[PDB]
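Only one chain is included here, represented as structure tokens and corresponding to the form deposited without the named molecule.
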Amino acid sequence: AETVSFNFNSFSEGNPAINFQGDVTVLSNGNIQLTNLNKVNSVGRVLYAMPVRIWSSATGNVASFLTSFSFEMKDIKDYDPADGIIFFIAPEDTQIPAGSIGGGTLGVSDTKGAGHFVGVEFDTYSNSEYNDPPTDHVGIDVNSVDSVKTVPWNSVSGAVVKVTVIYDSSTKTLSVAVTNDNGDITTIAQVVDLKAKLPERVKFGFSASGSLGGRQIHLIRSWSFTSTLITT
């Protein structure tokens, strides 16, 4: 039983348990603001500093993990509410794509929307070049922002959104449950073999981005995580 577990009710600069990339910033109240409102094509990513072993090439086993986080997106006069936030898993050498154009790539893909990652996005701007549905949505991404699956969702400015994710290694199922301000929940699940798409050791994080005309406040308020690899 190999278990990595952490809980964040707030954040602060200096904590060695978390890595910042790009235009990330910690607010006095302890929240993480992922993008910068004055930069064009902004990109902000926050990662748990320590890599986590999600599978052993020895036991062949794959870990299960339970994580939940709360975020908030808020409009600002008078740019378009873009582009959203993404909870991702990637190789430990994961950096903000070079020459990132931000926007629809969400800071995890190249200009074509390709990359090495597995994630859950909370997309609030429609990008046709990536085949986005016409409305706000939640999608499961596997090496591309061209979601492997999506579900209609509604991003309510200033609302605090609570998310719960469960990965069952046995069925290799990734289930997501989103709790909107109104109390309604949105779910989405997709079978993804983490052992076949990611390396033994990976990192977990949040990413968000904007464009020239599209910018909003992307806030990460809290994050608790727990993985458990069976060794034997």
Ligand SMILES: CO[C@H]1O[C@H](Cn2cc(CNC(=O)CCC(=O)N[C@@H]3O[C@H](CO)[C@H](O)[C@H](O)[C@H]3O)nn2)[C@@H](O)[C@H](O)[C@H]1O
Contents of the next structure:
Number of protein chains: 4
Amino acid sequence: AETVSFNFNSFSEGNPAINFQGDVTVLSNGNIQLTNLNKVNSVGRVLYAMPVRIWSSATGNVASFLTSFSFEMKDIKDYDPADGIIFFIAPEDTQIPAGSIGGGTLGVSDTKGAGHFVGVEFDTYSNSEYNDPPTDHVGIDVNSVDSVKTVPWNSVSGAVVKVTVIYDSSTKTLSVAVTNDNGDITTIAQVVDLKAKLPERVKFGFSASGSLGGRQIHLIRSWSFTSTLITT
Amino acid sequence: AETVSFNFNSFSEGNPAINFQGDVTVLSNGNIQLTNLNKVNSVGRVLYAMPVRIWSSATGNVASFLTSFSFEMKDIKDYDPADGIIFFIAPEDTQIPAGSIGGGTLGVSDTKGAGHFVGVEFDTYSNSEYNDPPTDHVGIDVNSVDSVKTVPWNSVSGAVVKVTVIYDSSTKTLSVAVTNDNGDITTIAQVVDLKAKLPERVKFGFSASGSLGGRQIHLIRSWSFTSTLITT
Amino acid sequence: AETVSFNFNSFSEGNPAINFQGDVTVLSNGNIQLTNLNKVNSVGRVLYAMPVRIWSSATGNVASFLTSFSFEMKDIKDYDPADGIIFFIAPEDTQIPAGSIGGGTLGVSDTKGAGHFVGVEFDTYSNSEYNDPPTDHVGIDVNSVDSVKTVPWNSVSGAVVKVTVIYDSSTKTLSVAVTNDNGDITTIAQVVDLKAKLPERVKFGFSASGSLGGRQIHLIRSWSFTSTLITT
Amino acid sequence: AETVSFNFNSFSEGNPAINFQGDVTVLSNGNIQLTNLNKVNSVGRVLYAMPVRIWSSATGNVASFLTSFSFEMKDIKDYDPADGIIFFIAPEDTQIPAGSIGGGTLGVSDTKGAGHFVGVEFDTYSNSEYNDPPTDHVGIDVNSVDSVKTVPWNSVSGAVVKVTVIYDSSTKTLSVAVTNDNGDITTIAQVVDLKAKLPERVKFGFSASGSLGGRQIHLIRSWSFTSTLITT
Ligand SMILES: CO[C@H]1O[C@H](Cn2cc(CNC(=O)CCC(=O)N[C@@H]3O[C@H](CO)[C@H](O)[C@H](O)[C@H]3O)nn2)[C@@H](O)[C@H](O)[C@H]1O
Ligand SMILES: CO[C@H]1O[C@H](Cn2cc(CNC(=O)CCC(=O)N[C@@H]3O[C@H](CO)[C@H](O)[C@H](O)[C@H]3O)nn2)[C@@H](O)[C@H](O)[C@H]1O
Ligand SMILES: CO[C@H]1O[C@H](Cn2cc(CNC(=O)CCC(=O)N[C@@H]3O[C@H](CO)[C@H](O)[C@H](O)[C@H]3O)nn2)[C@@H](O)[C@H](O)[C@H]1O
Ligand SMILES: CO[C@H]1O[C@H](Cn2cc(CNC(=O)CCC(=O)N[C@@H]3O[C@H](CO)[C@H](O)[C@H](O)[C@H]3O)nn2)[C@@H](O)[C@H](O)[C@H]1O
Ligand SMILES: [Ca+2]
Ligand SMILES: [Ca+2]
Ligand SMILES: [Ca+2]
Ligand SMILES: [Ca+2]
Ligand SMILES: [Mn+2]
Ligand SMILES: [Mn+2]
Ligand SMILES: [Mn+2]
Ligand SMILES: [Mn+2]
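Could you please show the structure of the form solved in complex with the named molecule, as a counterpart to the form deposited without the named molecule just displayed?
Complete assembly follows, chain above in first position.
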């Protein structure tokens, strides 16, 4: 079996293992800050630099994966706490969309909300143009920020949030468990055919965005990942 | 929302949070040993002492949960390494079945392999009477040790195994990720309607068993759990 | 180490984690209402359902704990605002005293004011028979509602009160901080040997009572708790 | 009664409510970073800018207080995780000791470990020169980093730690409860006469330090405080 495994307890500016895109910075405490608080339509993304083989064209086999990460979103004086973080999977050549308006696109899609990715968004602003639910929510996205499915959630300013994600290749099920500050767990699951929506090799990472009036602190604190593809 | 959350880094005799059933002992290192290596058809089970409300007849709501645990199975001289461990959910009055033959029943079912439980088995012996697959496997069980679904797995003697389980109430999906010593992940997922198969109040725990010729060390090293039931 | 931890932001009927005794009800907003406004000598108590091992006869070790809760007492028309709430610790078999007169007993003691418990009382009526100070007070109680120590306090009708309690096992000190509506803090501390006054396994909870002409709304709004006992 | 109350969910370097001393910086996420990772013998301290009257020479009354704060200590590559954070109380003219060697002094004492302060240290290095216990520990300090009392503790890299402190003026008891990431609570309490050891007016704050080969990230995330002094 072919396995990709890594663990980040902290991050650093001169680490070849991470690809930094856009407005992302690494703070002295080791956290990744995805957006720039002084820029209009700010977009920042981080990717694990090595492409992951999620499916084999020779065997037709699809990888399963287990990943856990922690983040924090914090309000900043005078701006609307927006727009949120998305944990995404995309083709290995993925870049911030050209002429990105940031905001509700979460840095992964065009103005119409379309892109080439699979993701789990932690959305803190209700965009009517992308049929967002009225409150903060966790969503399962397939090539669109108009989520396939959402669940109500609450983004608590300054709270450390823990997420665990399981992709079971046989049932094609993406399962997500989000552990909040008040101790409650929020879950969401959806069948997503990764072999049909994504290429053979992909990149995994995080993206966040803001607008002129919607800005907040978006931090990635830690990330562990294991994927296993059967080679028989 | 109603949340039940606990974490065991170690275990102790006299800990009122754990109900011990059958041949269970607590080792000096804090590990739980489920079976007795010198007894024929040995059965040992540990339960979280408090009943957990997994669903409500008033709202029709069903809880989601996130649980992680670690175990170890180790071979002993001359006996067949058998029979394995099951992580199970059962009615609050659950007891080792009367006249239990241990063995392939894993301490949760009768001789015909029927019982009242939902579980995830780490099965190290192929019982033809229970239509077991030919190799070691992880299975999802619904009122029977004749699993609804299985996935091939390998039980490595002396290896610490990590398991993460997500139950998403909306899709009724039970997703399991098993992390082995060699770093590879094994996953299995199945739609199980806990509201249809179990009572409103249940107990969560572990069970293991052996036979005359089939015995091995079955250890529970740690267990964390969080369940959340929306109250409306 | 052996740790018991929980957090209630709200409460619900049928939550197997809480034992309801006497006249307790759960309101639609999630608050616990301890007494029944239409009953003479009303007594209601809520206990965390799982016993807590506060000390071990094997090692001689005693647990430390940290707990925070919020309550509200509100006046009702025609009756005297009485008698108050007590946060208490008692043997695991604890029940409302048989033939309880409620009133100044706070539902934890007999007519003479004696019982088997350790508690922190928020007393709103001056019972001369229990040597109460002349005004509202917070008291530390050891097997009696004739407090070992009191501090003057003011119970404001309809005000949400926040309490934090620390029990340091090494010094045997029970420290209490009460945050009033006017913003001021009230504190009280007393050395109490829980190993000498209580059994190894105990229950934690709240109790309130009224009399014929002494009745008021007694609400428990939230409760968080953590206890840790060092093990061999 | 005379009450001082404040709450910081975040901090800003351009706010007059806080005094910054030495190598302290405010990160974009709003956290306070006390030490500079690239400097030898780095010392940084933060103080609430308004002096708080803890006792009266006219009445002889002493204030009680309740304070809660959260911090994080994180390891950095190639340097020892040292030296720790101290929550301290000191005269209103308090400054980093002249020619401070940082390290085991925690930025509050001289080379011999003596200073004018009362504090609660979260010490991560065993300095034999200050009779430190062999492991990580929480200590209660009275004019010396040779603690009056200590309790074993474990500093987990990247973990958010919650602390609650109660000072009861009647018993002169300083009680501390520390909530760890593994769920366990650690407590320590000591009788400290603030009238005898400190002036009528004091400043409250935090300090941290490093050495040549002993450096780590020291962060202050939040701080709430309430003190009340009886004026009758
Ligand atoms: C209508 O213009 C008129 O006034 C303009 C003055 N103006 C207004 C604004 C602020 N409004 C806006 O930015 C509008 C766009 C908007 O609401 N985005 C959303 O902002 C969110 C946070 O609130 C989230 O981030 C969402 O994701 C994101 O979609 N900035 N400047 C003039 O310049 C213009 O000449 C004139 O004609
Ligand atoms: C066959 O009888 C004849 O010889 C007997 C002598 N014998 C044989 C045995 C051992 N066989 C057995 O125990 C048979 C049952 C068996 O295979 N269980 C499975 O053992 C596994 C480990 O290999 C797993 O644990 C499975 O889950 C479990 O089902 N023990 N004693 C006489 O006593 C009897 O008078 C006589 O007529
Ligand atoms: C004068 O007597 C004759 O007429 C009486 C008629 N009466 C009077 C009352 C009300 N007084 C009482 O209830 C007296 C007891 C009392 O003062 N409790 C305290 O009430 C507090 C609230 O004010 C707090 O709750 C304290 O904790 C609680 O101890 N109810 N009925 C008869 O009852 C009696 O048989 C008969 O001989
Ligand atoms: C033998 O000496 C000769 O070579 C030295 C060269 N040297 C050695 C070192 C490293 N040792 C040291 O730094 C020694 C001091 C020390 O152990 N502090 C503690 O370090 C901790 C982290 O491990 C914590 O921070 C504690 O709080 C802090 O007290 N750095 N430089 C010269 O400098 C010296 O002139 C010369 O004669
Ligand atoms: Ca949105
Ligand atoms: Ca089997
Ligand atoms: Ca009274
Ligand atoms: Ca030290
Ligand atoms: Mn959305
Ligand atoms: Mn099986
Ligand atoms: Mn009283
Ligand atoms: Mn020390």
